Amino acid sequence: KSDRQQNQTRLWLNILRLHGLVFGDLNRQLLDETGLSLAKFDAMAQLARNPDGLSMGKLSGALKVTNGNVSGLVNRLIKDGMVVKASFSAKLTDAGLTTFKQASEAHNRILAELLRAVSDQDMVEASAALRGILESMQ
Amino acid sequence: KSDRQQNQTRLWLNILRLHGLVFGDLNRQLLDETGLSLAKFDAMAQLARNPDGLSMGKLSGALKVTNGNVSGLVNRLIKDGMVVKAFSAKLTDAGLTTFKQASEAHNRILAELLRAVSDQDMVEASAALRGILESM
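Line by line, the protein sequences give chains F and R.
When the letters of the first sequence are read in order and numbered with the UniProt record's numbering, they come out as residues 7 to 92, 100 to 151.
When the letters of the second sequence are read in order and numbered with the UniProt record's numbering, they come out as residues 7 to 92, 101 to 150.
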């Protein structure tokens, strides 16, 4: 293995470690506090940003967590009374938007708590490097 | 709102985004070349490291791919003949031959996804990510 292959192995394993450590706890705590999944919270965030409504494809395209069988994810949200159901454009119910703001508060508190020992410098440097990686992947 | 809160959001969205960009394609391609998914490959890696096997709790705690179902995963690997019940699981001779071929494929496919990415960006991300992980 070259420096480069070793660099790549290491990087991806690190992303997977941080991703897993944050996701499992964020998800389990968001559920306990709010009864919302991270996958659910994620979908609602795209819709709260877009109050004119989003189609299944554009919603799917905007998700930060991959899938949820997107329509099956939307189906759970409709049954929960978060997304309106009277091709489909998805909008938060009035109560979905109230829940979203409370859940948004909870989400950022939980994340802050998970990262509470993490230094600003490490976060700024990880982020500037990951943005560089992303940019060059186009 | 605060600077620190923005940096945490920015970091987490970046992690999600790079994981999303890599995961789909690496999984899809690894499947077509080897018959293995990332989740399967990841479990076999932990087992590769521990030749006598691992309990379900230890395996679960060692998986780097976020799992909702370690028994179901192990069970699929047992139907494949990759893993045997040693409850606790063990890599087979076939599982170890497959895992070795499958690493080459995995590494080459990851290399292709990351083909435009500079060594410097990778070195600095990984150093910062280790800092973060140790802190936690």
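The hints are simulated quantities; they were obtained by calculation from the structure and are not laboratory data.
Keep in mind that the hints are not guaranteed to be accurate.
As the list claims (entries may be wrong) - Restricting the straight-line Cα-Cα distance to at most 27 Å, the calculated cross-link-like pairs of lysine-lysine (DSSO-like) are:
id: 1; chain 1: R; residue 1: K114; chain 2: F; residue 2: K7
id: 2; chain 1: F; residue 1: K104; chain 2: R; residue 2: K7
id: 3; chain 1: F; residue 1: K7; chain 2: R; residue 2: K70
To be verified - Quick look at which bits of chain F chain R covers, simulated, 3 or more residues with Cβ under 8 Å:
id: 4; segment: 104 to 118
id: 5; segment: 121 to 128
As the list claims (entries may be wrong) - Here are some, though not all, of the chain F residues that point toward chain R, as calculated from beta-carbon distances under 8 Å:
id: 6; residue: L17
id: 7; residue: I21
id: 8; residue: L36
id: 9; residue: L37
id: 10; residue: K70
id: 11; residue: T72
id: 12; residue: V76
For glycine and all other residues, C-beta sits at the position ideal for the given N, C-alpha and C.
(Q) Hint compliance check: list the failing hint numbers for this structure, sorted ascending. (A) 4, 8, 9, 12
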